[PDB]
Amino acid sequence: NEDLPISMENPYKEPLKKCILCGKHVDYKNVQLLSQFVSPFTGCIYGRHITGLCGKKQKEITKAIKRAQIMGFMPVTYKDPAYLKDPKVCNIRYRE
Amino acid sequence: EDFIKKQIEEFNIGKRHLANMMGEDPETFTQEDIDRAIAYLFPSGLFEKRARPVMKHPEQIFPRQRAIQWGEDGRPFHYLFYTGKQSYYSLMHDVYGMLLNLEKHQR
Amino acid sequence: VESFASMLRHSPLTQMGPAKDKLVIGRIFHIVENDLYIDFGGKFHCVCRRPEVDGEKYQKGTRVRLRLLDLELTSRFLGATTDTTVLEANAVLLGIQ
Amino acid sequence: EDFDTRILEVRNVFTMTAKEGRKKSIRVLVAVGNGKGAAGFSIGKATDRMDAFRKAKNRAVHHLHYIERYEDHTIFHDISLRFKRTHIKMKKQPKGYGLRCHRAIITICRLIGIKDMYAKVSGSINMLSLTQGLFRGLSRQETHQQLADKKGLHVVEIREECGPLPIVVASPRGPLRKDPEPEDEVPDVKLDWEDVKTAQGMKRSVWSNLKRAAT
Amino acid sequence: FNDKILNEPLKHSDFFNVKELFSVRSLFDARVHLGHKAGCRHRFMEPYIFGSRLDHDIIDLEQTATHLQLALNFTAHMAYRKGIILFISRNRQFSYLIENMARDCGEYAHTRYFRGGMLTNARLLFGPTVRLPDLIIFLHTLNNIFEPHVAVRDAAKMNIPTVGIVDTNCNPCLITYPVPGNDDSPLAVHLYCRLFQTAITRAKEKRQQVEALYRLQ
Amino acid sequence: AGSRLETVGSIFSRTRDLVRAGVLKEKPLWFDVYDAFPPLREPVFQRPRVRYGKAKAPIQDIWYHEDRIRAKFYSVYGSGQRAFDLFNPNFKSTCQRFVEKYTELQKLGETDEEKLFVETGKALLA
Ligand SMILES: [Zn+2]
Ligand SMILES: [Zn+2]
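Chains P, D, U, Y, E and S supply the protein sequences, listed in that same order.
So the first sequence is numbered by my numbering: it starts at 654 and just counts up by one.
So the second sequence is numbered by my numbering: it starts at -18 and just counts up by one.
So the third sequence is numbered by my numbering: it starts at 843 and just counts up by one.
So the fourth sequence is numbered by my numbering: it starts at 32 and just counts up by one.
So the fifth sequence is numbered by my numbering: it starts at 317 and just counts up by one.
So the sixth sequence is numbered by my numbering: it starts at 70 and just counts up by one.
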């Protein structure tokens, strides 16, 4: 009876995965981060499968990108060549 | 089978008669002489060599009847009876075992 | 007498925890060309490609070390009601002894 | 040799084939039984009626059931059973009631040994579903001894013919349960409106209690 | 007066003392307690499972011991009364072991592809007067596509008793004597073969001893 | 004869019922053995079904206080180079040394978890 298993909440529980921006503040004036999530050649916003972002962060990234592009902070058709040197985070492989 | 036994007896007595019939009262009458003798006795004229007359022993005449696989208590003899392909599966088992012990040792 | 719950508690398979990234020694028990079939204990065996470096001391009965990425390798797919098991665990062969 | 085989349904069944066209195949359904409880039904399909008959009766004797009977004349209770789209409502009846059942049910119950049952079928009167649902219910009867063993209580009978005399029919084979059966006042059971209509007498039909022949 | 040699083991509980043949230590060291993952579980093997250890199931070895005692006693009594025990599995890993066990004993093995109608169309398939096996031991209930076995269903059809090793992904529904245990590991399969071979052997020499005693008296 | 209806009941029920009816004249070899030693559950066919609504599996999960402190151990100090054997019984891992000596500290008697962890850490270092 002393050796019977007992009920507890699961140990060995890894903490839940967190997105790269999780806990961070996305602002429409942060066009280095928004440029990171914008495609280098055609200016397309990337999806969840490319960015690896959680759903709320993907929504804030989309809204901030559209806001900055219409307010005149970001180019629409291309990524800024000044920000085409930042740490790449998006899981996309154009060259070969 | 008793069919096979009395057919073998009939074939022996018949080939004895047949050698006495042609010329060959000596006991040694071979199969090609039997074929030649029956060919002369009944001139075939049929294009099919199996439709020609034949004198063979009932082992070659009759097909291979397989023996009873179980006795008078059920209890079939081979351990691989219920596969229905006992000889093939026993052969597969034996070759596989010979491969296994060979590996553990090493037209 | 010792109860099965006590047995399970003082069993190494329970003291191991999750199999992920746990170094476990095991024996080779079957070989096919260069596919070594290793037992590491537990329910299933793993299959490992023969390492080309030092590839001749990997014979039947050899003690190897394994990382054990998984213990059963099952997964459920789109229409299935139960999952598709492969009757084989996942491990990476690191060496001898 | 004690088994009687009765046909129940013979259908001329066609399928379409590339060369011939319509291909007539006779499908038959038979029931085989001896008057002691063992019975079973089967389908035989062939191009000849005699071959279909032979196949059907041999497959039925390989697929027999067993039917429990109360006093070798009737079932233990009332059985309500829907098989697919065939609702069969059967009632145990006392001795001398006769087989007031569908004609197929009369033949099947004569092969089984049952004599005193009421049986009304509704929904689709399909012959092949009728036989199968009947056999399902008759094999899923619950007997008096099983009821006594399940509840741990005595099973008693009170007939209006004898009077207030209680007749013990089935006793538990093990221990006797001592707390009494809970008297659930105003019981929650699902009644049948045809039964209530017949009990109260608004079932006005010119077909129900007609004078028919024996069984 | 042969109903004594056909009735005394029926009234002697564990007439073949097969309870000495296995212990919970032995089953555990043969790794009988292991099962599959929780998604490989069966609704009907749920009552036999002690619990889940890190999403891997563990089979209750006490229930395993009781069911194994019952199954071993049944197969011992059948081998004593000279039935035919057919061993069925579809491992392709322990097929050689099972056929060799049958040949070490004197019973029969079907470890190959069960063609349609071995037990059911048996008279047209084998011969008009064949005796079907009086017991079937499934060492592995599932075939190689992980479905319950056609001979399980067909033995139920033919009213032949079935003793079967059931894993957590198996159907113990139509098996007369299910033994809830691991059948995926060489130690467990070896222990099952050893136990059944020893039980059948021990039943047969007990039978010859009893008939020798009856013939002397 | 016999009844090949594998679903209506069990083979014992079908055979007992047929020999009571008088159709199967000779009892099969297994019938008296079954009557002497029946199994714990009658082999009657049952259709498996899916749990659909608020129905969960009553199979519980196995956990221990030892599993808790093993979680903490594998959290802070990774799986050491001393590999698991897993074949021999009574194999004691480094984590097993950790849990048993955590346990002797616990039963000698104390209060707080962080200080438990530290004196057992220095005790392993000794
Ligand atoms: Zn996030
Ligand atoms: Zn399995």
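Note that these hints are calculated values from the structure, not bench results.
A couple of the hints might just be wrong.
Sample of chain E residues with no beta-carbon within 12 Å of chain U, all distances over it, derived [unchecked claim]: (1) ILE374; (2) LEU377; (3) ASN416; (4) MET474; (5) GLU521.
Computed cross-link-like contacts, DSS-like style, restricted to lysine-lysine with a CA-CA straight-line distance of at most 27 Å [to be verified]: (6) P:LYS682 x P:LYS666; (7) E:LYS398 x D:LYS66; (8) S:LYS141 x P:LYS670; (9) S:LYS141 x E:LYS320; (10) U:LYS862 x D:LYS37; (11) P:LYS738 x P:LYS712; (12) Y:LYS151 x Y:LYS120; (13) S:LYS141 x U:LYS862; (14) U:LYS862 x P:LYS670; (15) S:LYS96 x P:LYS666; (16) U:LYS862 x P:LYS666; (17) D:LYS85 x D:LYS37; (18) Y:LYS86 x Y:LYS120; (19) S:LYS123 x E:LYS327; (20) D:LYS37 x D:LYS(-13); (21) P:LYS666 x S:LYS94; (22) Y:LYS67 x S:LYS170; (23) Y:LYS242 x Y:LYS123; (24) D:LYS85 x U:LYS862; (25) S:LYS96 x E:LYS520; (26) P:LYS671 x S:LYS141; (27) S:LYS191 x E:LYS398.
Covered stretches of chain Y (chain S as the covering partner; in silico rule of three or more C-beta atoms under 8 Å from a C-beta of chain S) [as the list claims (entries may be wrong)]: (28) 83 to 97; (29) 135 to 142.
Where a beta carbon is used, it is the ideal one built from N, C-alpha and C, also for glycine.
Which hints from the list above does the structure break, by number from lowest to highest?
1, 2, 6, 9, 10, 15, 17, 18, 19, 21, 22, 24, 27 and 29
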